[PDB]
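Chemist: Residue-level listing of the chains:
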Amino acid sequence: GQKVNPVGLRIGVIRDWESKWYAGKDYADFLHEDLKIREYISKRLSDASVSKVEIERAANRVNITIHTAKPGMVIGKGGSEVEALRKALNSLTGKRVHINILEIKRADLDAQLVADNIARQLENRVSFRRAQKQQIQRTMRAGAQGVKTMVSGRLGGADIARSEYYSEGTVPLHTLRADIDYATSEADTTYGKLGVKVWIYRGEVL
Amino acid sequence: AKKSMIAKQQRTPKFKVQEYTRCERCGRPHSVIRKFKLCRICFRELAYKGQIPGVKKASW
Amino acid sequence: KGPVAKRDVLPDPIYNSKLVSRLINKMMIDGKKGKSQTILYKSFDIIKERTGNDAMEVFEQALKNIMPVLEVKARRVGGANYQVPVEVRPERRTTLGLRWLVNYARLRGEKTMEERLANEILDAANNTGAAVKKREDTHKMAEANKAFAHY
RNA sequence: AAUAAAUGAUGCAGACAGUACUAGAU
RNA sequence: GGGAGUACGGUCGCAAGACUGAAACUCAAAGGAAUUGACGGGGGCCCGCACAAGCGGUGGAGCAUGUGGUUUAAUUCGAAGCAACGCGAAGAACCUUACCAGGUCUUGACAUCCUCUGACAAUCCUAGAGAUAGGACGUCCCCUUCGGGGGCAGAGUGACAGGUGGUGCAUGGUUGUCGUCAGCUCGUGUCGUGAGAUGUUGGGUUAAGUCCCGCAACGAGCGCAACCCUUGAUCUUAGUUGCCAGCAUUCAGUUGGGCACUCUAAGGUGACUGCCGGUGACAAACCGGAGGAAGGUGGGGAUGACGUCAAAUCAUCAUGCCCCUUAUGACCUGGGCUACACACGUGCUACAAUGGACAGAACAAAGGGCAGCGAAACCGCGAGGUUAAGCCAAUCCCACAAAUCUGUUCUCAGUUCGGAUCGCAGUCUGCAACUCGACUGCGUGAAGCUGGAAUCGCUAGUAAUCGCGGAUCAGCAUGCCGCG
RNA sequence: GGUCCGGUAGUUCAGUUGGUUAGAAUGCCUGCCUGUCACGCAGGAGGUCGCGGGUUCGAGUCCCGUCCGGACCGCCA
Numbered sequence: 002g003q004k005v006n007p008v009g010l011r012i013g014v015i016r017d018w019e020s021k022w023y024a025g026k027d028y029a030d031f032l033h034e035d036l037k038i039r040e041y042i043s044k045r046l047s048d049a050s051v052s053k054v055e056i057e058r059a060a061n062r063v064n065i066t067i068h069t070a071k072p073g074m075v076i077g078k079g080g081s082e083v084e085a086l087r088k089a090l091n092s093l094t095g096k097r098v099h100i101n102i103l104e105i106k107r108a109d110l111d112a113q114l115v116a117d118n119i120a121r122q123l124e125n126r127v128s129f130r131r132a133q134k135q136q137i138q139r140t141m142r143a144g145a146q147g148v149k150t151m152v153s154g155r156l157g158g159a160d161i162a163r164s165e166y167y168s169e170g171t172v173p174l175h176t177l178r179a180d181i182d183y184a185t186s187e188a189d190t191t192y193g194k195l196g197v198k199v200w201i202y203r204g205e206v207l
Numbered sequence: 002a003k004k005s006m007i008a009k010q011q012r013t014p015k016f017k018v019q020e021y022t023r024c025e026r027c028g029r030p031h032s033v034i035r036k037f038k039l040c041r042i043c044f045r046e047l048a049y050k051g052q053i054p055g056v057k058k059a060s061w
Numbered sequence: 004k005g006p007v008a009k010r011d012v013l014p015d016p017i018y019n020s021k022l023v024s025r026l027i028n029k030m031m032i033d034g035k036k037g038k039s040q041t042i043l044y045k046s047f048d049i050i051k052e053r054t055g056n057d058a059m060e061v062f063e064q065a066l067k068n069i070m071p072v073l074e075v076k077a078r079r080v081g082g083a084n085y086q087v088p089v090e091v092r093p094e095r096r097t098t099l100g101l102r103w104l105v106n107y108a109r110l111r112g113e114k115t116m117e118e119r120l121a122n123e124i125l126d127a128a129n130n131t132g133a134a135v136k137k138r139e140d141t142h143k144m145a146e147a148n149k150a151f152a153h154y
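Chains as they are written, first to last, in the entry's author numbering: chain c, 2 to 207; chain n, 2 to 61; chain g, 4 to 154.
Check before you lean on any hint, since a few could be wrong.
Said to hold, decoys possible - Dumping the calculated PhoX-like pairs for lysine-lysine here, alpha-carbon to alpha-carbon at most 20 Å:
hint : chain 1 : residue 1 : chain 2 : residue 2
1    : c       : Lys4      : n       : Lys4
2    : c       : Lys37     : n       : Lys58
3    : n       : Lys4      : c       : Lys21
Unchecked claim - Quick look at which bits of chain c chain n covers, simulated, 3 or more residues with Cβ under 8 Å:
hint : stretch
4    : 7 to 13
5    : 16 to 22
6    : 31 to 38
No lab work stands behind these hints: they were computed from the structure. Each residue gets a CB set at the ideal place from its N, CA and C atoms; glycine is no exception.
Construct all of the structure, not just a fragment, from the sequences and the given hints.
Modeler: The structure is reproduced here in C-alpha cells:
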C-alpha cells in the first residue's frame, strides 16, 4: 500500500467532472459507450499525442472536447480528419456525435503527454537518466511549481527491478487544493514491461 | 480462458435463469456491480479518473 | 496522565439516595435499567413490609457493615509475590460494597432476585451475611499482611 | 512555645540456517 | 594467521613445569582505529487498553462458516504470526464452474487476415444430454450513373486464436505491516586527508523535527496541523410532495388558510489561545477565568512521510521468458466445489427466574422502488396465494420496529429452559431446492445446568444488548456495509 | 545338570501374600504459550497379566507341567 492519486481526490474541491450529464435507466450503458469511445479515440490518436477527452450528453447528441496540444495533427486539413474522427464514432455508437478540439498551451506540463513522451523515449532505448532529466528540465522551463516522475521495472537488469525518483520543487500531495495533474503510462520493452508514473503540481487556488 | 468465458457470457442462454452477470470490461465474476456494470478495480480507477459523474470521495 | 471525573443521577422517589441510584446503575444487565429499578423498588417494599422500618436505614447499616476498610493489594518484589494492605477511599469502599452486595445476592439463590436482595440486605444489616464473609476474609488478609503497612 | 522524610538488595529466561539477495559513467 | 609456544633435541628442577624452539598441512585473509546503522536482561525520560480496576466473551455444548489432516469421478486455485484462516468469493440446484466421469470439435468459443455464393434469422419432425447434426417449411439485405462497397452465414487455404499452464526470486499496475508513528532528505558553506559530521545536536514545549531560545551555519522539500467532508449553535434566502400554532373544518395534516416552527437545501458567521490572571525567559509553551454550541488539532471521516518485509496478487488486466496446441484449447449432460473417526480460528443459539408462554400499549433512524416497489380487500393457524390502488417517488409503497412498559400465568425440574438432529404435511422462487436454500404447522426432543491451561474486545453515548434497510440476488446471510 | 527368584501398559517398577478390583513415572497423542524450538502447563488413550492344564461361582493372585532371564552348587580321591 502507498499513496493515492489526486485525480480521484481533488474532484469537488477544484477539478470539475470529466463527464458532465444526468442520466437515468441507462447510466451503465452510456458509461460503457463512453469507455469504448475513449478507448477507440486513444488507440487512433495515440500518435497524435492526445492528453484527455471529455464528453457531454446533450439529449441524444454527444459533445466531445479533445485536448491534443497540437491542432495541425488532429485536425490537419480540417475535412479529412474531422470526417475520419466523427463518422467512425457515429457508426460505432448509433447516434450523433459532435467533436470539439482544444489546444493545450505549454504541452510539456500535462502529466499525460509528459509520461507518453517519457515512455516513447524509453522504448527508443534512451537512458532512463537522460530522458528523465531532460523532461524535468523541459517542464521546469515551461513553468511548474513542482514535478515528480517515477519509473519502475527492469531498467536494464534481469534479477532485480527497482524504482527511481527525480523531482524538483514542491509536490505537496497532502495539500488538497493543488490541482496536481496525474497520469500513468506503460512501456513494453524487450526485457519486460516498464511503468511510468508522473504527477505534476501546477499551482494552488486560493 | 478469459475471452472464451466472455464469449460464453455473451452466449444466448437456454433459459433466462441460466444468465449470469459480468462487468463487460474484464472477466471478473465474484462481485461485479449492477448500478455501474463495471469491475471493482476498473470502476475504482475510472471513478478516480474523473468519469462516473455521480461518484466522488465519501466522508462521514 | 491523571484521574478523570464522572457523575450520576440521584433523584429516586422510592428511598431517595445517591447510593441507591448507584446501586440501580449496578445490577443492570443488557441495558435494562427499568428491570433493575423495578427489582430494587420491589425489594425495598418487601423489606419495609416484613420489617416495620424504613428501608433507607437498613440499607445504610448494611453498607456500613459490608464496606471494607483495608484492601490487600498484591505486589511482586522478587520471587515472593508479596501483598500490601491499602486504605480504601470512601468511593472505592462504597463501590466494593455494592459489588459484593449484588454478587452475593445473585449467588444466594432463591425464586426471585427481589427476595434474594431483600434477604441479602437483611443478612447485611445483621453482620452475619455472605458479603460480610467476604469482608471478614479481606480483613483477615489485611491483618496477616500488616507487615507491609507501608513500603 | 515550636517542630522536623523516611525505608529500600529483586529470582528465572537455553538454542535458530547450511546453501540465498540490488548495477554505474563526463 | 591457525598449526604452535605444540613435537624432536638440549639445559634447569623432587615434582608441577620452566628456557630454547621448528616442520608438514591448511586459508587468503587475520588484525588496529574510527564513521553510520542495529541490538542489549545498561542508564535517564515519555505513552499505546499496554499494565493496574472493572463490563462482557472465546476456550465446554449445538449450529453456520473457513482453514490444515483423512477420504474422493473432482473435492479447481491462491493466501499461511503479528501482516492466512466470516480472507479472494457483496450470496455453488444448471448457468457462475476453474475441477472431474461421459458424449464430442479442431482457422476452432473469441478478433484481424485471404478467394468467393448469397442475408442471416424465424416455425417444425428424429437422435438426443446436449453439444451438434439428419433435415423440411424459408430467407425479404441494402447503396450508387452496372464495376463495387457496407455486414452476416457458409465453402476451402494457411498466417493465427486459446491458454484459470509455470515463473509475484524478472515486472507494470493495485494493496497489507512498521504507521497516523514522526521522522526521512536536498542546495550552498565549514570540519575531518576517510567513511562521515555540522543543518536534524543542547535547553523549554507540543499529539508532531509544532514552535521558541542558543546556534558553525544559512535556506528548502517529503512529512505533521492547516484549508476538504460530516456533526454539534446562529442571521438571511424558501416554504411543497415538510410542519399545523394561532383560524375555521376533518375518523384521519385529510381541506381553505400561514410560513409562526421542527424540517429540509443555499449563502454567511462562528472557536481562531479570541480575552484576563498566573506560570514560564519577557518568548515558544502550560493551568485556571467570562462568553459561548463549541477552549486549547470541539468529535469523527478522507489524507498513510523515506524505506523494510526478494510481503500478497502472472487470477482483474498487460506482461518477457518457458511449455501444449486434432489440445495444458473449445461445446454439452451429470457430478464435485457442500464427504468427515478429526483438530483449530470467527460468528450465532443455549443452559433459565433480570426467567418461559399469553392479553393491552408507545417511540424509531437511515436506504430502495419500473418487467421494479407494490397500499387496500379476500383466502389460509402459518410461511404465503388471488384482484389491485399508488409510485419514476419530502406525494405512494416497502414498513404495524423489537427490545421496553402495564397485566395473566408457571415455578427451581434437564423443567411450560433451548430448539439442534429428527418423520410427515405445506409456502417464496425457478425447467427442477433429491448431492442442493430459506421459511411455516404438526409430534417429540437430546448436547447442554456456565464450561482447562490460556486467551480476546472495550475509557462514553464506549461496553453490553434489541430491531431496521441495501449490496451479491429468479430464490438464497449467524458474514459485509450502515442506521437507530 | 541340581536347587531358589521373576515373566504385568512400548520401557522401568507397583498390584500377587488377602482368590470376586490392574496402579506410579517414563513414553505417544490432543490442546495452550512461544515467530520457530526446547522448557513449561491442562487433558486423552494405551497392559489381560510368558505359555498350557487343574480346585472352584470365580485365578494377574491358589497347585501343577513347559519356554525364557537371573542367584548359587555341579565336590572327595
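Chemist: Can you give the numbers of the hints that this structure goes against, from lowest to highest?
Modeler: 1, 2 and 3
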